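J.: Chain by chain, the residues:
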Amino acid sequence: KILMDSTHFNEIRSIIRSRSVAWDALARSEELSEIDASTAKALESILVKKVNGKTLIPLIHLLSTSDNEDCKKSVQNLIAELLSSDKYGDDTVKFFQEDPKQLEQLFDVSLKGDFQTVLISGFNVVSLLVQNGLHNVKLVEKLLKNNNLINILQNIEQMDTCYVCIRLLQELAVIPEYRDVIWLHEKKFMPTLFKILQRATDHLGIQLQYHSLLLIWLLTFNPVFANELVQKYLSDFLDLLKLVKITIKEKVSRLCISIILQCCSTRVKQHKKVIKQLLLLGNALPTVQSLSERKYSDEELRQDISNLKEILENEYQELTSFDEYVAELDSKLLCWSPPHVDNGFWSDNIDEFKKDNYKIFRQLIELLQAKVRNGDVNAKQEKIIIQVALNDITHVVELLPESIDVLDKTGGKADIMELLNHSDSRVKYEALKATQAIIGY
Amino acid sequence: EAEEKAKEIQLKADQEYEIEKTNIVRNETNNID
Numbered sequence: 005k006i007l008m009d010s011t012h013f014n015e016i017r018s019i020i021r022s023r024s025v026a027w028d029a030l031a032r033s034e035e036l037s038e039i040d041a042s043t044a045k046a047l048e049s050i051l052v053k071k072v073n074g075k076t077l078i079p080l081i082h083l084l085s086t087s088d089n090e091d092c093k094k095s096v097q098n099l100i101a102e103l104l105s106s107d108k109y110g111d112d113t114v115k116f117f118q119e120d121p122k123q124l125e126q127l128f129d130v131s132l133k134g135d136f137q138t139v140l141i142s143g144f145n146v147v148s149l150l151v152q153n154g155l156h157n158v159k160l161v162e163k164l165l166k167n168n169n170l171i172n173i174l175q176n177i178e179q180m181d182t183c184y185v186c187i188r189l190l191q192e193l194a195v196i197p198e199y200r201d202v203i204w205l206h207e208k209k210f211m212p213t214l215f216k217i218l219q220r221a222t223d237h238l239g240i241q242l243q244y245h246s247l248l249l250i251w252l253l254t255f256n257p258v259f260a261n262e263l264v265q266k267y268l269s270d271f272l273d274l275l276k277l278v279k280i281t282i283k284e285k286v287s288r289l290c291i292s293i294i295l296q297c298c299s300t301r302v303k304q305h306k307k308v309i310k311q312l313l314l315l316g317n318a319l320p321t322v323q324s325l326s327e328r329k330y331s332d333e334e335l336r337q338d339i340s341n342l343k344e345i346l347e348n349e350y351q352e353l354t355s356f357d358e359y360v361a362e363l364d365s366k367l368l369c370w371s372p373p374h375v376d377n378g379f380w381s382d383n384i385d386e387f388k389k390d391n392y393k394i395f396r397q398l399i400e401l402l403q404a405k406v407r408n409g410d411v412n413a414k415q416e417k418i419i420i421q422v423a424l425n426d427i428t429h430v431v432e433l434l435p436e437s438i439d440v441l442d443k444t445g446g447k448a449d450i451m452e453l454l455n456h457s458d459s460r461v462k463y464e465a466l467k468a469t470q471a472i473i474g475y
Numbered sequence: 027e028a029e030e031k032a033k034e035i036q037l038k039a040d041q042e043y044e045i046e047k048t049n050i051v052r053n054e055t056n057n058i059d
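Taken in order, these protein sequences are the chains called P and K. According to the authors' numbering, the first sequence holds residues 5 to 53, 71 to 223, 237 to 475 in order. Add 26 to the 1-based position in the second sequence for the authors' numbering, that's all there is to it.
So here's chain P without its partners, still in its complex pose:
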């Protein structure tokens, strides 16, 4: 296979070889011809243990004729062993390149039959397509579109199948047309990659995460695909940074750093906007500063981390605390930010909050109303957000009291009164403080 050295690929090959059907037995059961049985036996002796060569076509015909699951698994295992073997496999790839019918038959066999047989056939097809002559973007797209490949990729319990699929996609990503095919497959099966990244942030799993990161970086190498994936998941960069921080592998950290840099790379569209959004939401600058302080054994990973830190510092130099506050308000997440407790920041941003007919004040009132509606859950994060919103409302009422009338018209006083009866002690205290700042002494 193309990546038979992987543990998941070896396990798949062993599973396929476990269900083995003799060529003579298939011929006896009218599942193959005498010449086809002889060719299958020769191929088995050559690879599973003489090379079939031109006799590979009769073996494939016998495999198609033998619809039994055991025979299909044996044929897939033999094909995988031939692909792994240096002498065999290459001849089959050359024959498929010369005759597209053989390549089409191999592609159809891929991701078909038994799960082990499907995995072995897919590995053989990937190995055949590894050669430039036998490479085919259409065959790769057809194999990816198969339901078996999607099930293997989404098989959370079957980590080996997901790792094998990710490795195959990463290997296919080298060819630019196959790179576009892999990008389309990623656009289709984004939730699987997101789940893999979340598992990595929170062995077979490590290899699968590394393969997924490599595939993501290969997709992000193209600026159009990187720009498309940037808007696909706004929290993807944060998840990648968290996984890189959690993971201690040098290769995984380097791949994550490269993927993060590609998203913010100047080649991708809206590079400055993407970098600013990442630094505002995912806290790219402090994470990069912490990574730079930390020592990395890998030189390439260290250089990538230094470049990412420099880019984050350059992006944050133009940004200000007002941009961070705006991003926090847009994300509706507040955890008692230093600007909230900074008297100088509130004094210097009071006019900005009241600007545009108190647009920021209206947004804060809407966030407070949403938190009050969400106050039934009374989650710790929800309680912290409610307290921060109450503190911000109290500050915006104390300074430039013109927003107090707008908040009262928008039901801010009613929201504060409702929060005054909240079970949480901190929320009740914040609401009482807001009420005191409103009309109290």
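Be aware that a few hints might be false.
BS3-like, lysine-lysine: derived pairs with alpha carbons at most 30 Å apart [what the hints assert, rightly or not]:
#1 P:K108 x P:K159
#2 K:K47 x P:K310
#3 P:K159 x K:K31
To be clear, the hints were calculated from the coordinates, so they are not data collected in a lab.
Dock chain K against chain P, hints included.
T.: Quick look at chain K alone, frame taken from chain P:
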């Protein structure tokens, strides 16, 4: 190997960089147009 895989990934990135560089070259053709 890990180094070979990193080089292959860098080679793919270099090919993507070449495509990006080709777009810059193609931009000159648009200016020439």
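J.: Indicate, hint by hint, whether the structure satisfies it.
T.: Now the hints, each set against the structure:
Between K108 of chain P and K159 of chain P the alpha-carbon distance is near 27 Å, which keeps this suggested pair within the 30 Å criterion. Proximity of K47 of chain K to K310 of chain P is assessed by CA-CA distance (about 25 Å); at most 30 Å being required, the pair is judged to hold. For the suggested pair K159 of chain P and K31 of chain K, the alpha carbons sit about 25 Å apart, so the restraint of at most 30 Å is met.
Checked against the numbered hints above, the structure violates none of them.
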